[PDB]
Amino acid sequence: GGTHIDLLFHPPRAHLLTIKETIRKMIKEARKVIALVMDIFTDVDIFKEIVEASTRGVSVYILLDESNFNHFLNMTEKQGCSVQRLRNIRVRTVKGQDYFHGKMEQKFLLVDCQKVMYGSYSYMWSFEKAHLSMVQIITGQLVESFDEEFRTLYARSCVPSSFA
C-alpha cells in the first residue's frame, strides 16, 4: 500500500469541513495516541478537545517550540487546566540553534499512527479568522515517516522549566 493525500484550505475550497473542524474531528476520533508538534498553541477549542481525548484514555504527547511555550502556558492557566495535573498528557519543548533564538519550525498532528495533518495551520485564533493556510491529510506509507520524525523530535526535547 502506498500513500494517500488530500488538500484542505482555509478558507475552504471544494471540501465540506474547515481545517479547524477537521483538526477537532481527528482528535475526537483518536482511539489510542495523539502526537502533536506545534510552533504556537493558544487555541482553546482545540485544547479542550485534546484534554477531553486524554480523559477518554488517549495518550497525548505534545512538542512545542521552546521560545513560544509561555503562550501555551498562559492559555492553560486561563482555562484553569494545568497540563501537569493531566496524567495522559506529556508536554516537552524543542528549540533550534541560537545566535537570537533558533526555533522548531515544524508542526503536525499524528493520530493513532494512522493519519497525519501536515501544513501551515498553527493552533491559534488567527488561523481560524485571519490567515490563509493549507494542510495535507496523509494516510498510508508516509505516515510511518512522520511517526519516526516525532520520535526523533521527542528525543531532542526538554522538560519545560516551569515543570517540577
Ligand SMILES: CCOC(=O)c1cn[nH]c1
The other form holds:
Protein chains: 2
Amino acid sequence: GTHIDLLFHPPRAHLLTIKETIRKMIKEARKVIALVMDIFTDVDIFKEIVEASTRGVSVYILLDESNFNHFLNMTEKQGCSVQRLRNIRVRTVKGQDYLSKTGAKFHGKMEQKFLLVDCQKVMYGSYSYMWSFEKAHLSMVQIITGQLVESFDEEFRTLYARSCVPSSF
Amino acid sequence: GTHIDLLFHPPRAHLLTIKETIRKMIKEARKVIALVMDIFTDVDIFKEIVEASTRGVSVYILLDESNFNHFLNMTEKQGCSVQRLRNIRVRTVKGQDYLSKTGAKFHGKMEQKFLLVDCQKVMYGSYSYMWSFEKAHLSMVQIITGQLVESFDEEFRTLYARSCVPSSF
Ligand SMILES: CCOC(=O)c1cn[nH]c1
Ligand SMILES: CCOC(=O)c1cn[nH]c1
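Any chance you could show the form solved in complex with ethyl 1~{H}-pyrazole-4-carboxylate after that form solved without ethyl 1~{H}-pyrazole-4-carboxylate?
Once more the chain from above appears, this time first in line as the rest of the complex follows.
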C-alpha cells in the first residue's frame, strides 16, 4: 500500500523542480518536519524551514557531522542565530569509527538524505540542499506516501537516538 | 503493485549485508545487468560481474565521468583488460555544463546509483561500490520489485542514450 513517484533534476516531464517540490512539502507541514541531510547551504530552503517553525511546526534536523560547519556558516551570513529558535533542534550524526594505517582514529560520514513531513510523506533520493545540485549535477528523488513511510519514521527515530548536539553549540 | 524492503550498512535486523545482497542479485541474473554508479573500485563485486558476463549475461555499466579512471585502474591492477570483454559495455555520463565564479567551463557529476537485473529487480540507494562504504560510512538501499521497476528501466535507457565511450579508451 505504498505510492512512489519520481522526479529529476534537471526536470523531465513533471511541472515542478525538485527544489520547488521541497518548498511545497515544507509549506504544507501542519505538525512536524524531520530532515536528514549531508550538506545544507541553500538559503531559500532554510528560510522555508524557519517560516514553518514560526507558525508552530516542530522541526528536527540531522546533519552529517563532518559537514556541519557549512550549515553554520550559512545561517550566520543570513544574520540568524539558529540555536535561539526553540522550535528547531539541530543535531549531528557520525559515520563508523575506523583506524587508518597511520593509527589515528577517524570517523566517516552519514550518507543518507530524506525529508519526512507529518510522519506521512517522504522525499528520498540523491539531491543535497546546496547550489551544486541546482546548477551542476544530475540527481533524482522519490516522493513516497503510504505504508513505506512508517519505515522512514522508524529510521529517523533511530538516527535521532544516535545523534549528538553539535560541538559549536 | 510495488514492493520495497530496506537494508542498511552497518546492517540492522536483516540476515545479509548490502554487499552480500549485491553479489546475490548479480549471481541470480539470467539475461541482463544494468548498473549506474558514481565510483566503482570494489574488486569482489567486479569479479561477480565478470563471471556473469562469461555465462552469457549482457552487462551495461554507466560510470560518472570524473571518477572513471579509478575504475579503470582497479581493473588493470586485477590483470583484466576490460576493453576486451565483449559481453560488457562500459560508458561514462556527465552532469550539467556550467560556468564558475571565474567564468571557467566545467561539468558536474551524475549523482545516481542503482543496479537493475533482468528488467525485474532494482537496488537503489546511497551505497557506492568502494572500500569507504564498507568500513567508514553509514548508508541504506531499497530492494524494489513490481511496477516501479519499469520507471528505472526507462531512466536507464535515457542515461544510456546520453552516455559516451570513455576518453581513456
Ligand atoms: C526527534 C523527534 O522526532 C521524531 O523522532 C520524528 C519526527 N517525525 N517522525 C519521527
Ligand atoms: C542497451 C543498454 O541496456 C538497456 O537499455 C537496458 C538494460 N536493462 N534495461 C534496459
